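**Q** Chain residues, written in single-letter form:
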Amino acid sequence: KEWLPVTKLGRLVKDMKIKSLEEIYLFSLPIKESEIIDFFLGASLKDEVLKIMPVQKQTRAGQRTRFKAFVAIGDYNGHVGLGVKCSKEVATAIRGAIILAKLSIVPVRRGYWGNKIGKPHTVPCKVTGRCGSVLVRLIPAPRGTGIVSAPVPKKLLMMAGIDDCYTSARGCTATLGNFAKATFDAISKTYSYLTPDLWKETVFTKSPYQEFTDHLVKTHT
Amino acid sequence: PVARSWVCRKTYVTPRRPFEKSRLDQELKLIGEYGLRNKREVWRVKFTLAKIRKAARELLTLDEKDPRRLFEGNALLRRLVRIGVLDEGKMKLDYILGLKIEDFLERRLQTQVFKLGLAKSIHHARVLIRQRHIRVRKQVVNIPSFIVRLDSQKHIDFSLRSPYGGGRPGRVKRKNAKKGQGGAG
Amino acid sequence: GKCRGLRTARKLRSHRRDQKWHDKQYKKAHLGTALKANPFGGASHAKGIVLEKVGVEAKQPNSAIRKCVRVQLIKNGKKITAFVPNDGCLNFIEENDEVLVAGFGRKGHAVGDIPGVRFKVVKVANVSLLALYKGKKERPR
Amino acid sequence: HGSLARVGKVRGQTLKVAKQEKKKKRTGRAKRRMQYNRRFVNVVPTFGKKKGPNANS
RNA sequence: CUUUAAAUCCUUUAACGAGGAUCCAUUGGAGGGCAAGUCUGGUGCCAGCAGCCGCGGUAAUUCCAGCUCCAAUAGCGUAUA
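Protein chains in written order, with the entry's author numbering: chain D, 58 to 278; chain K, 2 to 186; chain Y, 2 to 142; chain f, 76 to 132.
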């Protein structure tokens, strides 16, 4: 129940010297503890189980089955996530999928459509994703038109925060796991696209490792 | 060869998805907190909002400093000003896309009479409009789907022959009085 | 496509016409042979008369002898088998009755566990089977 | 039994029960509102195992 | 009273005109898509349901009947291009 940090990231964030996970995303640090995100984010984080998939092995003495789960994670303002788990017990698969969804968390930088006023509500460009036969495409949309898609992109994007997006799919979209991973890859490639506002030469701030190595070397070896 | 019209158009559209809990619960909340009768009214308001949004998209996809774009631009802007949805702060072309179902469902006569405090309940307001009591500009309206404009908002009052705001009493009071006078003697 | 130019229209027109003609549903829906083989001839309903009542057996997985009516048409005289919709309505139909025969839902194809028969009966003796099943009217003899 | 080609057996032998009384509805105005407040306001479906409004447990 | 070649249709004003407002609101479904009971009785691969998968072999969440539920609601269901 009680958190005991074992990695350096958890010890530094429980040492109260890291403000947000934004600089973690600048330095692209791997996340290995799920409760660090619990330390950052408040009560705006909920879970939503997608579909329990009954896959099975087969042995000499009959066939043996185990349950494969999915879950969607991500607050309304900012980051998203996804987790896949498969185990014997459905409840342990649910908790494992929740933990793995807390591990893999990426943000999306929303853009505008044409004129710019207020806050961003749509994707900045036309981005695609594919991890199989699925060729899913994101299209920028005007303000307030609502997302239209298959309704599992609808629940994923309402978990995301992008309320205005057109979609286009191609292939065998009956398989939920491949299609969900493909739209996850499409929504995760938002930061991996060069933009005209970002051509200013980046500054290199001092790393938290570079300042707190002397603190961590006396904290935990 | 007859002097006929033959001009008919649809007003409500059916969604492609037959059954889904989200939009059904949303329109159910709209009917429950607005006192509509069926899905036809909310579908009609959604269709009018879709037509306005399509016209706005057709205006924004044109180029700036075009006379037609400016023409239906300030035409549509002044019409939404005259209905009483927008205000005097935001009269720009980029504020028309942020309108919701609430913005057009607020201007219904039933909701306006319920918010005016001249009735008790939302269904009571709907039937009180339906029972031919409340007039606008010395003209009675029995239809609850009356879009109230912004200028004609202080002209809502009971009619001259409405018994609730002065006039001849209806059937029930005179029948009760006649029955009491008959039973007294 | 493959050919891309300015003055490239005839070859692509011929390719579109040939590859549309090689479709199966388009060939079924745009040749007079399928319309000639259709007993209805594009008609939604077609009345007929009853000459016998023979019930056809079921298919391989399930076993239930479902009863059927053979109806001779009036516009063509072809002997086509119909199928009673509800349960116990074979007493409502007799020999040489005024029946109305329509399709079943698969665009003129065999449906379900009944082999060969593709049609059904919606009205017998100028009244529907629904009114006789719910007991709303009475069949006049 | 005996004669296999006999139709209407399940309705030929059955039990016949007459109808009952009937209340007043709201013609769908507050009927679906009662649906809302007896389906989602009072009880909620459990996350993992659903609970319908007609689930007579 | 008005409209109308004269009527009828609408509106207006008289007199009547509802307490279970009997002055009674119908159509297909309730295993999945597809919203909605492992409710209660009946025959138990027979009779049937089902556009697809299938459901029926002596406790059927699908068949036949009563209550409850679910969708549009003066509208709803089926076939054909």
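Hints were generated in silico from the structure; no laboratory data involved. In this text, a Cβ means the ideal position worked out from N, Cα and C, and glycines have one as well. Worth double-checking, as some hints may not be accurate.
[Stated by the list, open to error] Anything over 10 angstroms on all C-beta distances counts as not near chain D; from chain K, calculated:
| no. | residue |
| --- | --- |
| 1 | 140 |
| 2 | 149 |
| 3 | 163 |
[Said to hold, decoys possible] Label pairs and their calculated CB-CB ranges:
| no. | chain 1 | residue 1 | chain 2 | residue 2 | range |
| --- | --- | --- | --- | --- | --- |
| 4 | Y | 99 | D | 119 | 56 to 64 angstroms |
| 5 | Y | 8 | D | 192 | 42 to 50 angstroms |
| 6 | f | 129 | K | 71 | 35 to 43 angstroms |
| 7 | Y | 137 | f | 89 | 52 to 60 angstroms |
| 8 | K | 51 | Y | 112 | 50 to 58 angstroms |
| 9 | Y | 113 | K | 133 | 43 to 51 angstroms |
| 10 | K | 133 | D | 231 | 52 to 60 angstroms |
| 11 | Y | 112 | D | 92 | 55 to 63 angstroms |
| 12 | K | 66 | D | 270 | 33 to 41 angstroms |
| 13 | D | 111 | K | 45 | 38 to 46 angstroms |
| 14 | Y | 132 | K | 38 | 28 to 36 angstroms |
| 15 | Y | 107 | K | 45 | 56 to 64 angstroms |
| 16 | Y | 92 | K | 133 | 34 to 42 angstroms |
**Q** A separate judgement is required for each hint: does it hold in the structure or not?
**A** Evaluation of the provided hints:
1. For residue 140 (chain K), the non-interface assignment is confirmed: its Cβ lies about 36 angstroms from the closest Cβ of chain D, beyond the 10 angstroms cut-off.
2. Every CB of chain D lies more than 10 angstroms from the CB of residue 149 (chain K), the least distance being 24 angstroms, so the non-interface label holds.
3. For residue 163 (chain K), the requirement that its beta carbon stay farther than 10 angstroms from each beta carbon of chain D is met, with the minimum near 41 angstroms.
4. Judged by the Cβ atoms, the range 56 to 64 angstroms given for residue 99 (chain Y) and residue 119 (chain D) holds: they are separated by roughly 60 angstroms.
5. In this structure the supplied range 42 to 50 angstroms is violated for residue 8 (chain Y) paired with residue 192 (chain D), their Cβ-Cβ distance being about 33 angstroms.
6. Between residue 129 (chain f) and residue 71 (chain K) the Cβ separation comes to about 58 angstroms, which falls outside the hinted range of 35 to 43 angstroms.
7. Here the CB-CB span from residue 137 (chain Y) to residue 89 (chain f) is close to 19 angstroms, at odds with the stated 52 to 60 angstroms.
8. The beta-carbon spacing between residue 51 (chain K) and residue 112 (chain Y), approximately 39 angstroms, falls outside the hinted interval of 50 to 58 angstroms.
9. The hinted window of 43 to 51 angstroms between residue 113 (chain Y) and residue 133 (chain K) is violated, with their beta carbons roughly 57 angstroms apart.
10. Separation of residue 133 (chain K) from residue 231 (chain D) is about 57 angstroms and conforms to the stated range, judged on CB atoms against 52 to 60 angstroms.
11. Taking 55 to 63 angstroms as the suggested C-beta distance range, the pair residue 112 (chain Y) and residue 92 (chain D) conforms, at roughly 58 angstroms.
12. For the pair residue 66 (chain K) and residue 270 (chain D), the beta carbons lie near 60 angstroms from each other, so the given range of 33 to 41 angstroms is not met.
13. A C-beta distance of roughly 45 angstroms is found between residue 111 (chain D) and residue 45 (chain K), which places it inside the suggested range of 38 to 46 angstroms.
14. At about 32 angstroms, the CB distance of residue 132 (chain Y) to residue 38 (chain K) agrees with the hint of 28 to 36 angstroms.
15. Roughly 37 angstroms separates the CB atoms of residue 107 (chain Y) and residue 45 (chain K), a value that falls outside the hinted 56 to 64 angstroms.
16. Checking the proposed 34 to 42 angstroms range against residue 92 (chain Y) and residue 133 (chain K) shows it is violated: the Cβ atoms sit about 57 angstroms from each other.
Hints 5, 6, 7, 8, 9, 12, 15, 16 from the earlier list are contradicted by this structure; the remaining hints agree with it.
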